[PDB]
Amino acid sequence: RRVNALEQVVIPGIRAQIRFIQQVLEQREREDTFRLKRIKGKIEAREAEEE
Amino acid sequence: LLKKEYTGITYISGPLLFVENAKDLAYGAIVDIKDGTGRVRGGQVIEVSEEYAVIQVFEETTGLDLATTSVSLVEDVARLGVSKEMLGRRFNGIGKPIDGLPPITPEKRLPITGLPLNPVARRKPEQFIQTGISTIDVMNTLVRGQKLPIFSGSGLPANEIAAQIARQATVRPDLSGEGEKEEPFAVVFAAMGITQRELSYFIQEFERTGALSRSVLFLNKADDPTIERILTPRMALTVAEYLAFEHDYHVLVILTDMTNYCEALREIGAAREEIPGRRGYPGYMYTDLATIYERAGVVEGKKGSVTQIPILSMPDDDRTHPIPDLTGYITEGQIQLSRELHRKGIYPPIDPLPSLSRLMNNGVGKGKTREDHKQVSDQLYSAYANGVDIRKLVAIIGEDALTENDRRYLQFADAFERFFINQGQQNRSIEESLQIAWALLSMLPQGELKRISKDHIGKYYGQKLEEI
Amino acid sequence: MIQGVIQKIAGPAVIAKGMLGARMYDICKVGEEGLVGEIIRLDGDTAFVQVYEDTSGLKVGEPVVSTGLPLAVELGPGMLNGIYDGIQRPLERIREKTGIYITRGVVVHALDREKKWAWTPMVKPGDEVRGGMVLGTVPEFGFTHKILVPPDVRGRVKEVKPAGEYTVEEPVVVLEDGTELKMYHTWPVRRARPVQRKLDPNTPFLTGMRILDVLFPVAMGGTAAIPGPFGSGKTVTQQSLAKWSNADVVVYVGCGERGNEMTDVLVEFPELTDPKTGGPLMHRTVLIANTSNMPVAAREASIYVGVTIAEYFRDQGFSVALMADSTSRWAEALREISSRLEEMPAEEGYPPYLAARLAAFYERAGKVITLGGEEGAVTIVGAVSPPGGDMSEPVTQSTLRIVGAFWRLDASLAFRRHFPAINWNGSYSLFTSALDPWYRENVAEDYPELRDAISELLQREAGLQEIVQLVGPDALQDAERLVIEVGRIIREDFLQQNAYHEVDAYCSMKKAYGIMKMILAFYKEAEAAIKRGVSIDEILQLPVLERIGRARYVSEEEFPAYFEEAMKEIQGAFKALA
Ligand SMILES: Nc1ncnc2c1ncn2[C@@H]1O[C@H](COP(=O)(O)OP(=O)(O)O)[C@@H](O)[C@H]1O
Ligand SMILES: [Mg+2]
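Residue numbers (PDB author numbering), protein chains in the order written: chain G, 159 to 209; chain E, 3 to 470; chain C, 1 to 578.
One should not assume that every hint holds.
Unchecked claim - Restricting the straight-line Cα-Cα distance to at most 16 Å, the calculated cross-link-like pairs of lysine to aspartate or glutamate (EDC-like) are:
#1 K195(G) with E248(E)
#2 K59(C) with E77(E)
#3 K36(E) with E7(E)
#4 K198(G) with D78(E)
#5 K200(G) with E342(C)
#6 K452(E) with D493(C)
#7 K394(E) with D493(C)
#8 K86(E) with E248(E)
#9 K452(E) with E140(C)
#10 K200(G) with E62(C)
#11 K368(E) with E502(C)
#12 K8(C) with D26(E)
#13 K452(E) with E492(C)
#14 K126(E) with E466(C)
#15 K59(C) with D78(E)
#16 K376(E) with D504(C)
#17 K115(C) with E140(C)
#18 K126(E) with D264(C)
#19 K17(C) with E53(E)
#20 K456(E) with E546(C)
Don't read these hints as lab results, they were simulated from the structure.
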C-alpha cells in the first residue's frame with residue numbers, strides 16, 4: 159500500500175513543482191536580459207548627444 | 003499603371019532594411035526587392051516615418067548590398083485573387099500554383115487580413131453535424147459554424163481522426179424534416195510546417211476518397227521561408243469566407259499543427275527585439291490568434307457557413323502551455339486525446355473528461371435529434387467520473403474494500419471505455435450511439451439516475467448489451 | 001483648432017507634428033478618414049496619439065485635427081434596449097450603412113435624433129436649480145426617465161417648454177444667463193460622477209444561485225471578482241446573473257471576448273421575461289460589445305463607457321448591476337500601449353500603473369445618496385482570466401486587494417461537470433456579517449444558524465477526505481461514514497445547480513432554506529438512528545434519499561406542498577427503521 163501510494167502520488171507532485179519553478183526562474187532571467195539590452199542601448203545613445 | 007523604385011538603402015541588419023526617402027510608402031504595404039543578380043525578394047513595410055521606412059524581408063537577406071539593391075512598390079494592402087475555379091487546385095501558401103497548371107483568373111481581389119463580422123449580422127449556430135463517432139456525436143457534438151480544435155500529443159493519431167471526420171460528416175436533415183437536398187460541401191485544407199511523409203498520407207487519402215474535386219489545398223513545407231507560414235492560414239480563411247458568403251457553400255477548414263504557426267510567430271517577434279511573454283512567446287499572441295479563429299460562423303440572411311477544426315500538438319502534453327491555454331480562451335470547446343487509452347489500443351483515444359463542446363445545448367434536444375440527449379450526456383459524464391474516481395481509489399488500496407455499488411461503478415467505467423469509445427473505422431448513427439448509451443446506463447440501478455427525469459427512465463431503460 | 005500632420009506611423013500609435021497647443025487626453029481625428037485618437041504624450045512640437053481604429057493604409061503627411069475635448073459619452077433617453085461598440089456607436093445603425101463587416105471611419109450619433117419623446121415639465125419660471133436636480137420626466141419601456149441638470153450647471157430658470165413631443169436636441173429649459181439645457185448632456189468617461197454621501201450596504205444582491213446567495217453573499221453596493229481557468233463557467237454565471245438578478249438596470253460589458261455570446265444575448269433576451277416588471281428582458285439591458293478581433297485600443301474605452309452609463313443610471317435612483325466579461329483583456333491593451341510607448345515594464349510585462357487603474361475602476365461602485373436626494377447603488381462583478389490557472393499573476397493579486405467578495409472557480413469541478421464549480425474552500429465573502437439583520441427579518445430567524453451548521457458539515461467532510469483516500473473508506477466509524485454521505489448529499493443536491501434546466505435555473509431564498517432544513521433534519525435523524533445499532537448501508541437504502549435528490553427540480557409554486565410531505569416522510573421512515 160505504501161509503495162503504491164508513493165509511486166502513484168508523491169513523486170509526480172514533486173516533479174510538477176520542479177517543472178513550475180524552473181519556468182519561473184527562466185522567465186525572470188529573460189526579463190533581466192531584456193532590461194540589460196535596453197540599458198546598453200541607452201548607453202550607446204548617450205555618447206552621440208554632442209559627438 | 004506606372005511603377006516607382008527607391009534606391010536609397012542605408013542600413014541592412016538581420017531581417018530589416020531601411021529606405022531613406024520613401025515618404026510615399028503606405029503602412030503595411032507590400033514591396034518588391036531586387037538585388038544585383040536579378041533575384042527578386044518580397045517584403046512588407048512595418049514602420050514608416052519622415053526620416054526612413056522600415057521593411058522586413060520575407061526570407062533571408064543573403065546577397066543584398068547598398069550599391070545595387072532597389073525597392074519597388076507592389077500594392078498598398080496584401081490581397082489575394084480569388085475565383086470559383088480554385089476548387090481542385092494546390093497552392094504554396096503565398097498564392098502561387100504548384101500543381102503545374104496555369105494560374106487562375108481572379109474574379110475579385112480581397113484583403114487577406116479580413117474584416118470583423120458585425121455581431122448584429124451573426125446568427126446562432128443550430129444545425130447538428132453527425133460525424134459518426136460516439137464520443138463526439140453524443141457528448142461533444144459539432145454544430146455548423148463551430149470552431150472545435152483537437153488537442154493532441156506527439157505520437158497520437160490526430161490526423162487520422164481529422165480525415166475520418168472529414169469523410170463521414172453529414173447534416174441529417176431528416177431529423178428536422180428539412181428536405182432532401184444537400185447545399186454543396188467543400189473542404190479547405192491548410193498545412194503549416196508539414197513533412198513530406200505526412201503530406202503524402204493526406205494526398206493519398208483525398209485521392210482515395212475522391213474529395214479532391216471539391217477541395218482547395220494550401221501547402222507550406224518545412225524548408226519554406228518562415229514568413230510564408232504566417233500568411234498560410236489567412237489566405238485559406240479568405241478563400242473559405244469568399245466561397246461561403248458569396249456562393250452559399252458549406253466549407254470545412256482544417257488547420258494542421260498550429261504549433262508550427264506559433265513557433266514561427268515567436269521567431270518573427272523575437273527577430274525585432276520585443277518584450278516577451280510567458281515562455282518567450284510574444285505578448286500579443288491572443289489578438290493574433292483571435293484574428294484567425296473568429297472568422298468562422300454563420301451570417302443572418304445567407305445560406306453558407308464556415309466550420310473550423312484546428313489541430314495542435316500539446317508540448318510535453320502540458321495543458322498549461324501558452325499555446326493550448328490561449329487556444330482554449332478563444333475556441334468553443336476542444337477534443338482532447340489521451341495517451342493512456344492509446345496505449346491499450348483504443349481507437350479513437352478521445353478522453354471524455356477534458357473534452358468540451360459549448361454549442362451542444364442549442365444544437366440538440368426536442369425537434370433537433372431527440373428529447374433525451376441532454377440528460378443522457380449528463381448522466382454518462384457523472385457515472386463515468388465516479389467510475390474513474392473509484393478506479394483511482396482502487397490502485398492505491400486494492401480490490402478488497404469495495405462496496406457492490408463501487409464494483410458496479412467500476413464495471414460501468416471499464417465497459418464504457420471498451421464499448422462506447424473504441425469503435426475503430428466504424429460509422430455509427432446517432433440512434434445507434436444513443437441505444438448503446440442507454441444499454442450502458444442499464445447496468446446501474448434505477449434510483450441512482452438523478453440527472454434523468456422519471457419519464458425517460460420509464461421509456462428507454464432496460465435494454466441489454468448487444469456486442470454479441 | 002490646433003491642426004498638424006502625421007510624422008510617424010507604427011502599429012496603433014501615430015506621432016503628429018505641428019501640434020503645439022494640444023492638451024493631454026484630448027480627442028483627435030487622424031488622417032483623411034477621420035479616425036478617432038487620443039493624446040497620451042506631449043514632446044516639444046509633437047504629440048503621441050493612440051488610435052482606436054485600424055491604422056492600415058495610412059501615409060505620412062495626412063492631416064491631424066484636434067477637437068479640444070476629452071473622450072465623452074452622450075447620456076439621455078434612448079440608451080436602453082441598445083447595443084454599442086467600444087466608443088458608444090450603435091452597431092445596428094452601422095450595419096444598415098456598411099454591411100455584414102465593420103469598417104473604419106463611420107460616424108453615427110449615439111442617441112437617435114429623430115424620435116419623439118413625451119415631455120412633462122416639473123419646474124416653473126423663477127425657480128433656482130442646481131446640479132443633479134430633476135427638470136422633467138419622459139416615458140420609456142416601463143421606466144420613467146428623469147431629465148437631470150448637468151452636475152456642473154447652476155442658475156435660475158427663465159422659461160420652460162410646455163408639455164408635448166420633442167426630439168432630444170430641442171432645448172426644454174433656458175436659464176437666466178443664456179445657458180440652454182437639453183434632454184441629454186455629455187460627461188468625460190475618466191471622471192467619476194459626484195455624489196452627496198456614500199452609505200454602508202445592508203441589503204443583499206440576489207443572484208438566483210444557491211451557493212452564491214447562501215454561502216458567499218454580495219451586498220447591494222459591493223464588488224466581487226470571479227477568477228477561473230478556461231471552460232470553468234465565468235460567462236454562464238455572468239449571463240445567469242443578468243437574467244435572474246433583482247437589479248433594475250443591467251449593463252453588460254464584453255471587453256475582448258467571443259462574438260457568438262453577444263449574438264446569444266441579442267437573440268435570447270427579447271423573448272425572455274423581466275422578473276420584476278413582466279416586460280421583455282432586453283428592455284432593461286444595455287450592451288457594450290468589443291470582440292476579440294475588434295481593434296485592441298478600444299478595449300480600454302469600453303470599460304469606462306460602461307461604468308459611466310452605470311453611474312448615470314445610478315443618479316436617477318435605480319439599482320444598477322454591472323458585469324465586466326474580462327479585465328485581463330483590458331490589462332493586455334494597457335500592456336500593448338505601454339510597449340508602443342517604450343516604457344519600462346514592472347512585472348510580467350504589465351505597466352507599473354495597472355493597479356491604480358484597477359483600483360480606480362472598482363471604486364466607482366457603492367450605495368450613495370444622489371445629488372437629487374434619491375438613493376441608488378451600483379454593483380460591479382468582474383471576471384479575471386489568469387494564464388494557465390495561475391492565481392499569482394499580477395491581475396488577480398491587484399484585484400483581490402479591493403474587492404469585497406472572491407468567487408474562486410476550480411477546473412477539477414468543471415472536468416466532472418459539477419457546475420457552478422465554485423471552490424467552497426478558497427472562496428470568501430466580507431458582507432456576511434452585515435446582512436444578517438435582513439435575513440432574520442425576511443426569510444427566517446434561524447437562517448444564520450442553519451448556514452453555519454452546513455458550513456461546519458462541509459469543513460468536517462473536507463477534513464475526513466484526507467483520511468479516506470489513503471487509509472480506506474471502510475476504516476472510518478459509522479459516524480464518519482454518515483458524515484461523508486451527508487457531505488456527498490449536500491454537494492450533489494444543494495450546491496449543484498444547472499443553468500439550462502427549465503426549473504433549476506432559478507432558485508428563491510425560501511426554497512433553499514427548505515432544502516437546508518430537509519438535509520439537516522435527515523442528518524439529525526440519521527445520527528440518532530445510528531445509536532440504535534442500525535447499519536449505515538441500510539440507511540443509504542432508505543427511499544427518502546430520492547425525495548431530497550429530486551427536490552431542487554420542483555417548481556417554486558409546488559415546493560411548499562412537497563416540503564411538508566418530505567417533513568413527514570423523513571420522520572416516518574426513520575421511526576419505522578428498526
Ligand atoms: N451552471 C451551469 N450549468 C450547466 N453548464 C454550465 C454551467 N456553467 C458552465 N457550464 C458549462 O461551461 C461551458 C462553458 O463555460 P464558460 O462560461 O464559457 O466558461 P469561460 O467563459 O471561463 O470559458 C458551457 O458549455 C456550459 O455547458
Ligand atoms: Mg467566457
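Structure-based check of each hint:
no. : hint                 : result
1   : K195(G) with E248(E) : 50 Å, violated
2   : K59(C) with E77(E)   : 13 Å, holds
3   : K36(E) with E7(E)    : 10 Å, holds
4   : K198(G) with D78(E)  : 36 Å, violated
5   : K200(G) with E342(C) : 12 Å, holds
6   : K452(E) with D493(C) : 10 Å, holds
7   : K394(E) with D493(C) : 24 Å, violated
8   : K86(E) with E248(E)  : 10 Å, holds
9   : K452(E) with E140(C) : 45 Å, violated
10  : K200(G) with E62(C)  : 32 Å, violated
11  : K368(E) with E502(C) : 14 Å, holds
12  : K8(C) with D26(E)    : 12 Å, holds
13  : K452(E) with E492(C) : 10 Å, holds
14  : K126(E) with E466(C) : 46 Å, violated
15  : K59(C) with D78(E)   : 10 Å, holds
16  : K376(E) with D504(C) : 15 Å, holds
17  : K115(C) with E140(C) : 12 Å, holds
18  : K126(E) with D264(C) : 7 Å, holds
19  : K17(C) with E53(E)   : 13 Å, holds
20  : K456(E) with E546(C) : 12 Å, holds
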